[PDB]
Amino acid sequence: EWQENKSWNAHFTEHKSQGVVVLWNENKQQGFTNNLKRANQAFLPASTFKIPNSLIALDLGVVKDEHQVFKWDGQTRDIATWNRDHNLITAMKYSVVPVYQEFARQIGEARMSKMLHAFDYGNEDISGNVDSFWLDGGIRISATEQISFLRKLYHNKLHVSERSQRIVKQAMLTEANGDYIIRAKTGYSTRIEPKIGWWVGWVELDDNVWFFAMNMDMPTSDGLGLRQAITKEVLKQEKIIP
């Protein structure tokens, strides 16, 4: 069911980095990783938390639909793309933390905790501030746990409406061409050691789906592009994409 291929470590070491890629072949129900231990180590989810947060906000009516505009609060932040109005699609695309912080405040602690437990999401622990626990609170999730959560979302099996799940999967759309479709979310965790980058999601093919979850050490922001680059290099090596 699980196979470890340590040769994939070269994809990280060649960039003077360390990390884990986890792949899951949905048709065969088989998983693959370069590091079984790190595949099951729990990290802060950071902006990968925008997936469950969106689901909950939609299902409770905090967000009406993917067109609703969240107005910029007029506070200049250091990420230029955050200093503007957003809807759910662009907020996911530009990982707009302050929009999702307001979602969490409107959800509130009790409902957030209850929903994460319903989702079986990571350690299901929201200790910390309700508007930042996924950045510097107690919540943790592993790469294999990301796969488990994403498989439920793909199959519309989470305990929210089908509509909420379809909308979030629309918002996860990252890349599409004649060969494949990628639905995914990046993450970047800096407030708690070790600093890491995430990329989690799946690749849709004509006749199969491959789920993936990766994290890697990220001592500075200069390496952020390696999150997708390394993942796609593994996918190409494994003949999942050309």
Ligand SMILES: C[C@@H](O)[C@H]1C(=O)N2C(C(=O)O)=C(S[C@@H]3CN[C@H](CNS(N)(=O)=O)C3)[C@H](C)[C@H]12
Second form
Protein chains: 2
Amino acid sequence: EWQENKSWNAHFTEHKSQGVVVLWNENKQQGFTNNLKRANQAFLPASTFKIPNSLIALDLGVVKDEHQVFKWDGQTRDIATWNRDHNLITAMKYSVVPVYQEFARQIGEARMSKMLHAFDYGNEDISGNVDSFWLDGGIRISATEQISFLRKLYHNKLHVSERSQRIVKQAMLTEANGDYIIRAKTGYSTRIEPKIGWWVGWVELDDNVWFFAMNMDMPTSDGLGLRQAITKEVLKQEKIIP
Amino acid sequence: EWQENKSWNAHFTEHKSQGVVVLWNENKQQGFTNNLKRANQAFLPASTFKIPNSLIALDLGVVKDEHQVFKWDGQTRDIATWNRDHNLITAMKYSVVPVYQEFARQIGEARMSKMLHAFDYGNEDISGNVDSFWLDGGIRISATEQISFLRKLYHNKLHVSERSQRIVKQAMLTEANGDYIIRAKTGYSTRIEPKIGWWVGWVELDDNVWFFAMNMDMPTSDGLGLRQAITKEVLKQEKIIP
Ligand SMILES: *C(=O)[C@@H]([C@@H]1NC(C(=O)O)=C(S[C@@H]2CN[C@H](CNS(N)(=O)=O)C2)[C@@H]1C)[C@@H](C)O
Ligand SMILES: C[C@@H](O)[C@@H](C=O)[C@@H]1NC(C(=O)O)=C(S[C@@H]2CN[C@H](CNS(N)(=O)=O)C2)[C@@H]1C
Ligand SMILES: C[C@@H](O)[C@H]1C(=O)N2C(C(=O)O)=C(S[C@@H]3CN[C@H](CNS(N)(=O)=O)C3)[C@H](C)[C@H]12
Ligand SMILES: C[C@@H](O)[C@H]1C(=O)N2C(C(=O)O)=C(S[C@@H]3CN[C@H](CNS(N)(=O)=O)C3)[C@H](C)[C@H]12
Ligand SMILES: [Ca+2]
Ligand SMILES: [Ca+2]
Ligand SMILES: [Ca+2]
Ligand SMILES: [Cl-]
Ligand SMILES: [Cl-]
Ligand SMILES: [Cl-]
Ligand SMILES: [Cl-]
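What would the structure be for the form deposited with Doripenem bound, rather than the form deposited without Doripenem?
Full complex below, order starting with the chain above.
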């Protein structure tokens, strides 16, 4: 079903961290985690919500394609990379929240709810402000539920156009070399306790796909680099990446 | 305009090589090369023809998607890479000429010809064997012509479905990190003199795209790695990648 390999807890232990890593072997239809309980604990998605938000925007024509330019609104915000024009690729890369809050308002409460239900996304609850519910509203998703959603996206099985799903998977591209391709999205939920960081996505190999979703306790912005580092220690331990 | 930059030749001579690198700044609509004459010299495309071949195969339904398996059909025909199953992703990556021979036979010469004329691909000539003309037939393409073709592909402007162009560009993924994305294709022309190696594609930045096409004399297979090496040194020299 889902095997618990607690030897992964060493990688959180060394870095003085608490969290969960979940892997899914698509060929073998087998899942692995260091913590079955935390694997199914549901949290705010934070910026991991940029994946379904992007899909819905594209499917509804709110975003025409990955080249459409979203003008900086002229408000100088805290993250310098947000203070400029963006397309879908760079808004995903730099996790540009204002662009996605605009997407959400144009999508609207009713279409957003209907799509999240169509997606079976987390708890399907978008209570709160239409442009912030994934930050401080009622939506919740677990690491295992992220995998479930991502597997559909990978197979083009979500109830949106194939084109939307291909564009979003292009925009998720994070790293690629001769050994693997990673498509993924980070998140950091701070507006409601507990403060946690996310990394969800998958690793594409020649012959298989390994889906992953991790989250960890993140009191300060210090440990944000550990989201990718710990996941990759796990991947390396299992010899998924060289 | 086309600017000549002879200073790039230092990267060929230090490797006891001769060749041409062509770069195109999409934003500026400006091209750069070390050798204007060789930049326009037309050669057999060899494995770089996998780009138009895959596009046509997908557009015509010869290949259903990037997951369809092409089974090994017994033959252990010397090359080990061709001793296993493939899909479009892996067949682009590795030398598996029987798979692309099968595409071309199914496409057939009438539609192959029509498509290469619609692509304005090289000298638009498919004379020779329908299952090998890109290796030993009459088709020829120059580095500048590779750029013209790739630019259309990047803009989804070729006269095939948008979906087929998106899939081939996925299959072209070679390298990606926080600084750049490279989509590209190698080639090695040996069946007709002169023996040459190819590397064609583009570099996606946050705010621009740099297309490239290089070829270089390749008297033996031991210099194949110099295709990527020399191209990347020219990109680094120009500060396109760090
Ligand atoms: C297509 O041009 C040709 C393929 N393509 C290539 C190529 O390198 O572009 C080759 S090279 C052959 C297979 N891999 C060996 C080299 N390994 S490496 N890591 O690149 O040094 C030798 C092959 C000839 C088809 C049409 O034959
Ligand atoms: C709620 C939203 O504000 C939040 C929700 O995800 C946003 N999404 C993400 C994310 O994690 O993708 C970030 S990260 C941000 C960029 N610069 C700092 C990081 N420096 S480092 N090098 O990592 O220490 C913090 C935002 C805070
Ligand atoms: C070199 C290419 O061929 C790669 C590819 O593709 N490979 C697969 C795969 O197919 O998954 C793996 S993963 C690795 C093998 N098995 C271990 C755990 N398996 S297990 N019992 O935990 O499920 C991890 C390799 C990277 C190999
Ligand atoms: C930091 C990111 O935003 C990157 C991006 O995007 N950038 C562009 C671009 O926009 O091309 C470049 S390239 C570099 C600047 N100019 C030189 C050649 N100029 S020139 N006149 O010879 O063509 C090479 C940077 C990598 C920067
Ligand atoms: Ca449901
Ligand atoms: Ca050099
Ligand atoms: Ca033949
Ligand atoms: Cl967001
Ligand atoms: Cl499903
Ligand atoms: Cl070929
Ligand atoms: Cl991609």
